[PDB]
Structures are given as C-alpha cells and as structure tokens.
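Listed next as structure tokens is one chain, alone, in the form solved without this ligand.
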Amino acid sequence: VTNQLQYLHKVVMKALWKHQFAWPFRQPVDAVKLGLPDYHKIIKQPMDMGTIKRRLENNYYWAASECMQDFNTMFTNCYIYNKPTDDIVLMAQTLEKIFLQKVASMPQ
C-alpha cells in the first residue's frame, strides 16, 4: 500500500473509471460479444480497467510501475488492434492523456 499505488488508485483510477469514454475499457474485451474473432490472435496480453481496479483494491501490485504498465498495455492493445480511424482509438487517446497528466504529479 505504497504512496504511489494509493495515488494510482485514488487519483488516476478514480478519474479514469468514471470518465464518459471509460465504458469500453471497464471490463475485459469480449471478442464473442463484440464480434472480433481475431482479437486474441492479435492481442496476447489483454488488459482493462476492471482488472486494474480490482488489482489496486486487492493489493496485487508490488510497485507503481507494474500498475502503470497495465494501464499502458490496455491503451497499447487498443491502438494495435483497432483501425486508426475507429472512435475507440480517440477514446483511448483521451483516457491515456489523463493517465499521463495525472502520473506527472505522482509521488516518487
């Protein structure tokens, strides 16, 4: 329960979870539901905010960098998988910018 992890939970996740573009990212990508049969062939390490939030809640992370990498993986999966012009990409980009803006003020 480090100062960094508390920041990532109370400031970063708090902001991202409730954001109006967060909804596609709140649970693991469901390739059946979304009709994406190639999703898991392209994306080998799925990640989502629900998984990250639960991990923060359950003291899963040993370091802040580990949580930061999970956020990063989530956004990166989105950019890699989707078409450049898909709305989801803009949504991720917007959430990622908040992530980085907040992480710039995180404890050391």
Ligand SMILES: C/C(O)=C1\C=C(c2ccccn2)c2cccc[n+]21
Given for the second form:
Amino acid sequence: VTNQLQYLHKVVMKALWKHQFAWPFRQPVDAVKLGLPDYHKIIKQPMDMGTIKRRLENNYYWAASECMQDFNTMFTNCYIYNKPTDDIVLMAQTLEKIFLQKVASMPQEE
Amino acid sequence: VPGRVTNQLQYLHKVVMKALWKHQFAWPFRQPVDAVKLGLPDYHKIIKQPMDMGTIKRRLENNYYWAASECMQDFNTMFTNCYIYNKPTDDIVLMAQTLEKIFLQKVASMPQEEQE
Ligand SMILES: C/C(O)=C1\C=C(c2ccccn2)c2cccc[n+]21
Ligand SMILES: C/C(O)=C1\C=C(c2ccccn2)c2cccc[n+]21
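For comparison with the form solved without this ligand, provide the form deposited with this ligand bound.
Full complex below, order starting with the chain above.
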C-alpha cells in the first residue's frame, strides 16, 4: 500500500469499473467465446480491469507506475488488435480519457 | 486566452516532453505526419485527429493548454493514432509503446496539485 496505489484503487478503478463502457474490459479476452482465433498471436500481453482490480486488492504492485502500465497495456492491446472503426476502440478511448484525467490529480510521492 | 502557465504544465514541458523528444525512438513523432512525403494516401482517412510532439511542444510554449490533462490527452492521441493506423508487427508500434511507457513513468512523478 502506498498513497498513489490507493488513489488508483479508490479513485481511478472506481471511476472506470462502473463506467457504462467498462464491460468489455472487466474480464480477460476469451478468444474462443469472442471468435478471435488470432488474438493471442497478435497480443502477447493480454490485460484487463479484472486482473488489475484483483492485483490492487491483493497488493500485487510495488509501485503506482506498475499499475499505470497495466491500464495502458489493456488500452493499447485494444487499439493494436481491433479495426480503426470498431466500437470497442471508441469505448477504450473514452475510458482512457478518464484514466488520464484522474491520473493528473494523483499524489506525486510514493 | 486559450490557456495559462501551471506547475504541472511546466513539468510536462521541461521534464516529460524533454526526455521523450531526445529519445532514440522519437524521430517519427517530432513533426506532423506528411502522408504525401511518406506514401500513405489513406492516413487522413483513418486518422481523424493527427497529433505529434512538435504540435504539443508549440502548444506548451504558447500557453495553449488550460490544464495538464489537456496536454496529456494530446500525448495519448499521438500514441493512439500510431496503434490504430499501423500494422501490429510494424517497428513504429514498438517505438510508440516504448515512448508511452516513459511518458507514464514520468507523469507518475508530476506534482499532485495544479497551481497557476
Ligand atoms: C478488449 C477487446 O479487444 C474486446 C472485448 C470484446 C468483448 C465483446 C463482448 C463481450 C466481452 N468482450 C471484444 C469483441 C470483439 C473484438 C474485441 N473485443
Ligand atoms: C506516427 C506514424 O504513424 C508514422 C511516422 C512515420 C515517419 C516515417 C518516416 C519519417 C517520419 N515519420 C511513419 C511511417 C510509416 C507509418 C507510420 N508513420
């Protein structure tokens, strides 16, 4: 537990987890269920909010920039895998914009 | 009267942007994408909001941003355009990821309270 990590749990994750666009990112991408047979050929580090939330709850992270990187990876995976015109890209952009807004007011010192 | 000068914006300019700019992978990002000179006739059909570190640097220098998050959004847009336009296997994608990680590392150390 640091001040920065607690801000990411209570302020950042809280904001994002309950968002109306959050639902495709709450659990790991299931390639079989989603019909995406190349997903893991293209994405080598899958990431999702459920994993991140769990990690925060279980005190997995030693620094806030670590947790921050998990959020970025999740969003980046989405942009790299999907087609430019897909709704999901649009949903990821919206969520990423809230992420950065909250992260701007995050405590400076670990 | 677009924006002002804050502590966070001074930090994004002198500490975050400076590091990224001088990075060995930064060269494709220092100026707007010239789709003609590069032979990418579909760029502007796919990327609706072009952004580059040259534009962000100028905006910082002319007090265009009102708050830090506005400048952060511009950084995010630059990185996202790259991921969205380019093929997953392209070198450019790897370069952007590297820069994006540094950006996040340095944003984590930005002053918490925005003061004019
Ligand atoms: C994160 C991501 O790329 C997802 C996430 C979904 C998704 C779609 C429905 C239910 C849960 N997740 C999806 C569908 C098609 C293509 C890509 N994705
Ligand atoms: C930011 C971006 O997407 C760039 C930027 C370049 C680039 C290529 C050569 C010189 C300057 N910039 C490029 C080339 C091919 C595909 C994509 N890009």
